[PDB]
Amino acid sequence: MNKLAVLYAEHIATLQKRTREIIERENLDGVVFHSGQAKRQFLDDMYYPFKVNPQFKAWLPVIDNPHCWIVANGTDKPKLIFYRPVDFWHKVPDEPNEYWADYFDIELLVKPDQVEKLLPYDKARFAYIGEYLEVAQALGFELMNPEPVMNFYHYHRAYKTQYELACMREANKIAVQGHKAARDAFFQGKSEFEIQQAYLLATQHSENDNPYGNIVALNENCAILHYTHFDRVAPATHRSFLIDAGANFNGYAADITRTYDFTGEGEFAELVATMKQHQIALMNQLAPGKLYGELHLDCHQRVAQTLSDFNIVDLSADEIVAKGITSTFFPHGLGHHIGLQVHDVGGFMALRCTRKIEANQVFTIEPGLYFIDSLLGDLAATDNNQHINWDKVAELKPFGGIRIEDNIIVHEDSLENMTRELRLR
């Protein structure tokens, strides 16, 4: 028996039920999900790597196949037009024969432009959920990504089926293996580039297989939030390491961050150790009914208590917050839902400090503390310039910043930190 296979049955039942409800509320005959197509590079005969329509992979783990269509109404067996071309050029895989194949009425498609005869005869009442409006209109569809249908599925995406939670445990498990290998590489003095290679090797992921662009930062780079590049030359001296990297499994993402001190001793190393405690205490505050806003406000508080205690700012926690200067050391949000998409969808009628945490949802808790040139300089142009220990700043500035991030499943009865349960210190 396959645990995933058993959970999948309920997954399908759940999407089926959700489908029945929405087509009735909108008087539709059904919904058609288009996996998408490969995008061709301008004036070239090369293509950008394929990225499946999230709304299509929500149903099954087929994420590397364009020209696939799902037609469903929630009561009848969902139809799956599965693109399987034949030609000596590409390797032809066997016909879908895994556990999920049984849940669909599968029609094979040998050429993309032969899909019209496999779709409903009258497409007018079928909502087209996909990126290719022009192709949909030519086929006869009229309802393009109707907002009410998008909002419905997105809202329910926040509530993960057991199959989804299982998939997400797997993604976290792969990512963790990578974060450890990346960790070891850092302590060996490797370059950002080399560290990235180790992560990919340990997770057996190709760059285009991870859920987002990995951030493998060293020293001052740790202060660059959207740091995309990988230096090929190792730094003369190794001070800090920040790696925000994830993994994929059946279309579900992991999104983990870890910051380290090269020596394990000193101010920065202590700062990290503190942030970790604050980070865990924040994870610990997740519970059904809890307002994300409280968690957020609390994070800024912890940050202020950190800035105060490390003499980075010569003021009391409450006054650091009061004066509103914590945002210069922690400029981003505390967390977000995650699942099929890294920054997952959801929320009443299209992360606000107003929504409540609920069971079966999955979150990331990622408090941070950075020393950003631009953001700091701005703080100097205010009457608060007199309140920070600029000597303490220049001493840490060389370490860039800190961020610790886990993915946690909020069960009705408890919290499951997939990341730390995998033993990622």
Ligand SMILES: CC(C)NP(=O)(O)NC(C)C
Contents of the next structure:
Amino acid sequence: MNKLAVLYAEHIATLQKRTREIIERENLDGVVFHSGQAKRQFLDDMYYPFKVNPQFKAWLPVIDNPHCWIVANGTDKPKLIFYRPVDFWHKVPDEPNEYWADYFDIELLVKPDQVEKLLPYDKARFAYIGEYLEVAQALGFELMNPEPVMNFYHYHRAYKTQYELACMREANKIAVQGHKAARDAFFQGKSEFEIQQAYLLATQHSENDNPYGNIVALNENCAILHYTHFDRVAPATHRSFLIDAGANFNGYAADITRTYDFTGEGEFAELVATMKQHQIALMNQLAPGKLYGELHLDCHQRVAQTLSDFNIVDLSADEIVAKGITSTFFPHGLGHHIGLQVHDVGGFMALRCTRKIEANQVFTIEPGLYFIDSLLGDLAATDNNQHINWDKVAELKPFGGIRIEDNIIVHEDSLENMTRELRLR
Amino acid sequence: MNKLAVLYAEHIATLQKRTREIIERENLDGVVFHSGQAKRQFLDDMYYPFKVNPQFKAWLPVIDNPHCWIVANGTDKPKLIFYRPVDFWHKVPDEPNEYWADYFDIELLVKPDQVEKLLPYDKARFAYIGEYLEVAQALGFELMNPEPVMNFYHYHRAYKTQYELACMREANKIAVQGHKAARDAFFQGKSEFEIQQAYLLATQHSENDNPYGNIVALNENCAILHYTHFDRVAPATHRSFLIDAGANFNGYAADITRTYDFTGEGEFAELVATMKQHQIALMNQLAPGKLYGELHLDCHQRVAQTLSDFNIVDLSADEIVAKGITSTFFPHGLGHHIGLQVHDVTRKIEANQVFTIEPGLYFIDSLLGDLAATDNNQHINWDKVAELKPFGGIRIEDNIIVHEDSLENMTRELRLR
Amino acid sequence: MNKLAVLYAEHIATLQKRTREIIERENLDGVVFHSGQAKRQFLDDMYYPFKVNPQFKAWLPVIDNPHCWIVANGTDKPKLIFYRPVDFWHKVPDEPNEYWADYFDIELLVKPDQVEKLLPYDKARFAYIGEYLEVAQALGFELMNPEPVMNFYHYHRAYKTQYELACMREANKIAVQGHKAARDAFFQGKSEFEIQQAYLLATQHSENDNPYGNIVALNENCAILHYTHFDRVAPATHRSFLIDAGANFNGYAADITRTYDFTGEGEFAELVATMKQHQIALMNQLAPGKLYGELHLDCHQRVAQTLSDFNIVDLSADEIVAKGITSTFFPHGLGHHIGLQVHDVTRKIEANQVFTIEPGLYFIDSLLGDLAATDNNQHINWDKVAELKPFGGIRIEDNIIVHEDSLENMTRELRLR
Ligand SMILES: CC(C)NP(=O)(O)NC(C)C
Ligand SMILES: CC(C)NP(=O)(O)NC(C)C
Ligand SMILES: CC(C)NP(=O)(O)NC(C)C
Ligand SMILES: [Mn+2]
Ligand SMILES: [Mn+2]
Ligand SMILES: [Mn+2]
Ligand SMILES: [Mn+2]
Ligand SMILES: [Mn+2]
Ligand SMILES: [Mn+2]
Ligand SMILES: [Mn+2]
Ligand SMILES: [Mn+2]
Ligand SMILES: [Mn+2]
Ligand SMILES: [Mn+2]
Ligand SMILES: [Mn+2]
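Write the structure block of the form solved in complex with this ligand for the protein whose form solved without this ligand appears above.
Now the complete complex, all chains and molecules, led by this one.
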């Protein structure tokens, strides 16, 4: 059989159920999900890569097809207007024939402007869920992405079905295959660009195939949080390596990060090691009922406990915390839900210190320690400048920073660290 | 077909399951729910209006019928003993033939005394849930409203089934109709008595149909938190109007309050608009996991803020809260659960619970006098107090359903400004 | 009709469900539970008393039978290999014809070795849960107590099913009978040994039947937390008495502790009454969501308050908790989970869980001596310890079921004070 296919059946049933609750709560005849269209480059004839509407790939693993429409009410079989053009120019895939095809009443669409006769006769009562408000309005839809319907699905999107969890496991598997190849490459001393190419080859992913734009940084670039470029020339000296990169599976994202030392023995190599442990401990705290805010205060606690131990700051943890200086070394959140979207949706009425970690939710735990001169500077401009070992900073500054991020499934009974279980030390 | 009908199924199921968990926990063979009886007036042949046992209508929408009995163990089908006299004096109704009828095994009772026959022969382990202790004892029951069972059912009453929420929506619907007609009557310059008549006609409710005695206050009566009368004569001039009033549907209540300024302008009209903002802002703080306490505090802050911004108290918000002055302008709670009973049976907000959000701001003598004797007296703009005094007070209250994902303000979704 | 009979259905259903949910997650075709075997005494022909596999009885109440196996997946009716040998030397029980029988496909085993014939043909994706590894491997199994499967059931074992709650109620009932008989034996000045025999006779339990090894202590013995021996000879003088004993029902256990003062007046008697308070006060801070750690810290608080009130210590409750001396008069936990195992398999108290709130205050030389070698020696009222030491200590343990709507102290609801 197909473990995935057996899971899918329940996935559909879950979405169907949520579709019924919501159109009732808002008195709708049904919800229409538009996959989107391709965007044309200004004054050109080229297009940007296509990126499906999350709300559409939520139902099925069709992420590379524009002009597809889902119309459902939760009780009847959902309709799938599937775009399958015909023209010798582009290769034509066979009609939908995989396990999910059976769960929809599929109607083939050959021309994007022919969709109206395939849609409901009276559209006034169906909610349009998509980006092209103009096109919907032309077809007769009047309810444009109703906040109530959007927040509803978004709220439940935080609770991953079994098919979703399996999908995400697959995405993690592919992503580590590449996080290791990218590792080897760093140690072989290749450039950021070469390593990035290594990661793509190992994940069999094209650049536009991955969930977000990879961060492949070396030495001081590791401090650029949102580093996007890829130097083509390998640094003179290879010191530090930080790579934030994921992979995709049926529309679900993986979001892993790893920092490395080139040798594996100096101060920095030591710093990373602390972080790893800190990271794993923060990972170990996830449990239904916990408030993210607690793991937050604890991450910052551990940061300060690290800044004090490596004499980066000549104070104690409680004071680095208290005086409020841990944020200039760890300037971002500890984690975020993740699924169909890297920084996934959810939460009571459209990550907070108040939100509660619940079962079947997926998270990233990504604590970090960075030496970001811009942020480092503003610290020297306050009467805290005194309490810091600047000589120590410049001693590490050339390594940029550290980040370790895993993707963890939270079960009612336990934690499943997809990343580490796949053995990515 | 019938939306209420479908949801009812799950209602019964829920109640049946709630019942099982409890007769097992307390080792009972079943629970008996007595609709109640009609109270005769002293020395007279007249009676009081009938008021069904809450514990009884929790199961079905039969609220105008005395001498009715429900006996269930949560496992077997629930047993309904249905009072139904026969005679020419009173109009007799067609047998129970509505959606709910099928979920019970109905036994027609033609006379109150002719009931013991239909009840369980060995009422040893059956608990009697009702007001009529003696009547029960003489029948054979011994367990009288056994506390653990009452607190049990009452705990779970805070968690409404879908059926219940649908009933509540319908009651808010009716109640808003009335609230609109009431507002109209006010502006037409009618009297409290007349505004009240208007309300009853729009809601198609008789006075004894209200889930509670309406409050129809005009001008300074708006400061009487429990104003009971309806003046037959109208005010010389019309300034303010406060109406707290709801309605009923299948035993569920709506509890809605709205305040209005007659001219729509002046300081009071703006104070009501300020209040309306706070009310909505409070309603918007509701969310599963949260402590009502939190909302209570913020409400007092909102009052503190308003008191300062309008120059009622010459102190900053924090100054007004710190000195506990707010409580003399807003003496009651912020809200309560609502359901089968208007005031339904630290505490954390949770899904499927229905609350009222009723911030208020009033100018009450008793309390302003008590304030004048606390020395805070030399901190409040007694001129501004006297200026607004003639308006009485303000209160705005909605009924909100709290879903796991969002809020459903029944009252405002009905477009009752 | 019957009692447990009904609740059992839902018991099976639930374990079935939990099994489905786990075989799939671990990619297993099924799980096999081994009741166990009777261990033979070295070089002899006598055996140890049989002690069933918790994981095995977790399904049905067959705790005295070795060579029994359960094979399930969560979807198919569960498979039961019931060991039932035949021969004139032993009495032969009828075939399993009790309510729990029908929930299984029952295959009788007459000799152990003959088990391979009834077990899964391909044992590749079957997890063996038992302690007899070599026998498993020799049978074909390879998956021996896979950790993620063990941690699964155990996690859920913390949530009892109605049936399981019934069974535990019965256990508490029986235990309380024995706890009252034991109580009287104490006042009648009997020896530890006699008191125990009194407990056993009242609870109708043979020594090996009780959940754990009963602790029956008198005087200074009370300070020995794990007192295992029973004095055959009564104490010269009768001061104090601590008894930690429980019972067994269908595999479920009771674990109650009561401390007494012979005279019923005097420092100790007082100190005991107070402890009783703190125990009831704590038993009341039990509620879904409560953080054990908060209870545990509040207990140590009351302990420090008693150490200060009875002036055992010369410091304020807080300074006592401050210098952490409290850990020398209360060296053990505040409670634990209980169910199929006495010590059942930062944490929050959920509903449908069962806890043993068991606070205590003891005069252990072993620790007082350690404490006297610290600057705290400076604060301790030694002249007071010598006045209590002769009584050993105290411990009041109850078994409470946490429901979502309320709390249920089984022990106390049974009348044991
Ligand atoms: C770019 C983004 C996907 N990486 P991240 O959100 O996991 N961590 C940030 C803070 C760099
Ligand atoms: C009379 C009662 C139903 N109104 P209320 O409880 O909503 N507000 C009170 C505080 C005046
Ligand atoms: C022997 C054991 C079952 N008793 P307990 O664990 O409840 N208390 C300890 C401190 C003796
Ligand atoms: Mn079709
Ligand atoms: Mn950016
Ligand atoms: Mn990342
Ligand atoms: Mn991330
Ligand atoms: Mn009870
Ligand atoms: Mn009153
Ligand atoms: Mn009201
Ligand atoms: Mn109210
Ligand atoms: Mn021991
Ligand atoms: Mn014990
Ligand atoms: Mn114990």
